[PDB]
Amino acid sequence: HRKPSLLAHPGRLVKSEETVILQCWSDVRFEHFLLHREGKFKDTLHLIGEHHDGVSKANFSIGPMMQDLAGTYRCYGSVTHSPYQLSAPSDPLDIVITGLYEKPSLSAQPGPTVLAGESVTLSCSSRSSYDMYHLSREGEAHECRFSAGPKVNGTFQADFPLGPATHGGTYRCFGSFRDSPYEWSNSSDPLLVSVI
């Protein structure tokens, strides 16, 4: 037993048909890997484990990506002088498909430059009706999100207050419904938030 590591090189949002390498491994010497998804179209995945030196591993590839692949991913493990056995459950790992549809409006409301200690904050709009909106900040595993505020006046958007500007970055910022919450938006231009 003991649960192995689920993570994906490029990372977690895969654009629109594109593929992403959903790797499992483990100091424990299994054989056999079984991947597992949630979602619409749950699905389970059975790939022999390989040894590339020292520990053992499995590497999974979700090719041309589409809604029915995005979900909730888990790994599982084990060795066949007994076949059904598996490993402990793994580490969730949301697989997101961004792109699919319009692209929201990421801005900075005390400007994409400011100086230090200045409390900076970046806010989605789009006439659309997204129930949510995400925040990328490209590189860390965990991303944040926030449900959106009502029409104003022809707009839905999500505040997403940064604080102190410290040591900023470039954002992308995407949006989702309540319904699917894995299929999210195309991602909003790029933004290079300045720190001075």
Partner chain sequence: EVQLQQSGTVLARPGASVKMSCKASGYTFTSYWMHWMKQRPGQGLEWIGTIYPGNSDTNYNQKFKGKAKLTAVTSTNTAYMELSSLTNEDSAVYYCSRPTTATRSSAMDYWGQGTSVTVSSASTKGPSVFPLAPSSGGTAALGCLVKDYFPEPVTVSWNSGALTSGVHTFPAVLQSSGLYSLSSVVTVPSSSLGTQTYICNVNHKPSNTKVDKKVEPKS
Contents of the next structure:
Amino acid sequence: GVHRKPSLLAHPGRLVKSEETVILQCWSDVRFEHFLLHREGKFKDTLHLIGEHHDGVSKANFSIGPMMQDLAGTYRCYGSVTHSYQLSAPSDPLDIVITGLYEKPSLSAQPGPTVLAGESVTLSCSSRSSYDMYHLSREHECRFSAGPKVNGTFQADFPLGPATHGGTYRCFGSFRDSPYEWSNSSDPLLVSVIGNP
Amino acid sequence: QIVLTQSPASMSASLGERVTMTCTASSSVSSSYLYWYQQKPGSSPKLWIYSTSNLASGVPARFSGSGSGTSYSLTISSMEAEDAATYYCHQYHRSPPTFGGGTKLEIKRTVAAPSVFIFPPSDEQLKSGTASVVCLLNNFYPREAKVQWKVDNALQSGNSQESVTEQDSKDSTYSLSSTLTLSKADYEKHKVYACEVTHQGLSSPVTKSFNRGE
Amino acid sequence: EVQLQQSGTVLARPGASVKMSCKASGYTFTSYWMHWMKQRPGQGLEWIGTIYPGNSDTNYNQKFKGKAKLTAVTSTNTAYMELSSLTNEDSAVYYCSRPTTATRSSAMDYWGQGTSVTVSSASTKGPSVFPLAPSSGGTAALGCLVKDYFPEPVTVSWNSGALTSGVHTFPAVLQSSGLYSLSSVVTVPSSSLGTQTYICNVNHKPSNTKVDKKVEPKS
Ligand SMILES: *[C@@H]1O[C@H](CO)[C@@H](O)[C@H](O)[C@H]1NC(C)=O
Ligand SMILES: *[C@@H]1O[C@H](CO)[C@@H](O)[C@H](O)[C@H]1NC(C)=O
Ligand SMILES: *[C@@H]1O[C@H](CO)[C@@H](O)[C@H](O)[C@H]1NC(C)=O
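Could you please show the structure of the form solved in complex with its partner chain, as a counterpart to the form deposited without its partner chain just displayed?
Let's see the whole complex now, leading with the same chain.
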């Protein structure tokens, strides 16, 4: 019938900076001689490469870049044993996002960056620009923004909870008409949780 | 790249008639981000309906909006003379935001016959080397009409240019001008110049001719 | 309250550049986005791009990526659009618009009056006005032929504005020369041809030409 689905991974990661490149690797155990990468979004496209075979694994590295807005969107990979093409089942989708296209937001901690254990921490991501939503990442949550606030800011609050254990957080802003196009990253925020004396 | 196709491209309704027009999107559009605009020639577009159904401020209740997914519609319960305009649909579900080809709403009336006149080139223009013969179709309806230029009973081509007015504020009629441009020497070569007009309300094609002399 | 004043009609030559303005009043210029649209004669609107004046951040349609440049000056509450590598295809009426809310996807509520840009290698030239003869029972036709002019705006009146009834001024047509030509006609009672002197007043402000032509029954 139809061959199994390949695996689709992005190196170094899912979020790509503007004018940089990302390697979307597509690999499978089936001896696929051809790999096809398809993007759904503003500018749909299908790229073809031939697959190398090493240690019983067929694979092909797709080089997406230098990153533009037209290259952002949902990607799926297909494998094929024959040409002139019997495509396999599509891979799991990957949402490739371009970042750094708008002013960076501000990321703050309430009540503070360092709290005692059990005390609550809420990360507020704000900006004078009318971003429609904000994305919080700890080294991925999306929350819609609220209307004009203090200083005309658009803002979103991410409650971390009682037992967050902290970490380093970054925030991105985005508009709802272009889901895969994000702003410059906010400055990193170290959230530390020390024990109660 | 969400393509918005509006049907029909042009339509005409009588006063008091119910009007409906459709906007079809190649991809699904969220109903909160589909908008209708009304534009009359010479002025900027005006927001008419926002988020599929909600009427903008200053828009009469005879207008309404509906639709979801890929099909949306604008409807007028009873046509009014002020409603005659071009209506565009617009999606901002996904960037780039896109507008439709538009649907031109006109006022339908009874058939009217075109009053045909023919004007010869002026003496002053003939002195400058170019000759323009003007044929006038005055206050007719509907708009569809044809104008054939015959020079010495010879059909011409490539030397004519047509210009049509918009519907009159009172008559709701159109008027057409067909201008034939020839050389002064080419004009003085042939004798009889005629303008043939065919349209509804004319039992047979009406010809208005003149002889180059006087 | 909220008004958007765009710059005036501009003539530009092929291969050059043109810059138009859009001045805002009645709202905090910094709090909202600004959109720019292109409308060629007899077609729908194309979205060129958008700019957020507070950041001067931009988002362009891929179609106009290299064609248009969007800037903003906060001190003057004014947005600008600069079109480069001009073609005849760039001849259109361009609009600026502000959406209902600060969300750049909300309905384009407020609209500027539009800037008409004409892109042609043609010559700024006054029009030649030739009479259209009454050329004799009933109501006769009489007019003026306004030919070979550029750019487009031309004004025709009759009897210094005292003759409004029966007038039809046709839209201009672009000739192979690149110059424009229209005709303004009027139907009058055939009896008044000897009693009344009918004249047409043609004004072409770009060339600063004003012409009064008497149209009389003649051979
Ligand atoms: C894809 O890239 C990885 C990381 O550099 C490399 O180890 C692997 O061999 C590449 N696959 C190819 C070239 O087929
Ligand atoms: C994004 O950040 C880079 C480096 O910090 C900066 O040069 C660039 O101007 C920023 N872009 C925007 C749109 O803020
Ligand atoms: C508002 O802006 C002022 C001036 O830049 C700044 O000092 C203040 O911290 C801001 N307040 C906020 C963001 O709540």
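Take the two forms, superpose them, and find the largest set of C-alpha atoms that agree within 1.5 Å; that set is the rigid core. Positions refer to the first chain, counted from 1.
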{"query": "Of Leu69, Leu35, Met132, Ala165, the one whose Cα moves 2 Å or more between these two forms after core superposition", "finding": "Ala165"}
{"query": "Rigid core superposed: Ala148 CA moves 2 Å or more between these two forms", "finding": "yes"}
{"query": "Displaced residue check between these two forms: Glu118, CA, 2 Å or over, core reference", "finding": "yes"}
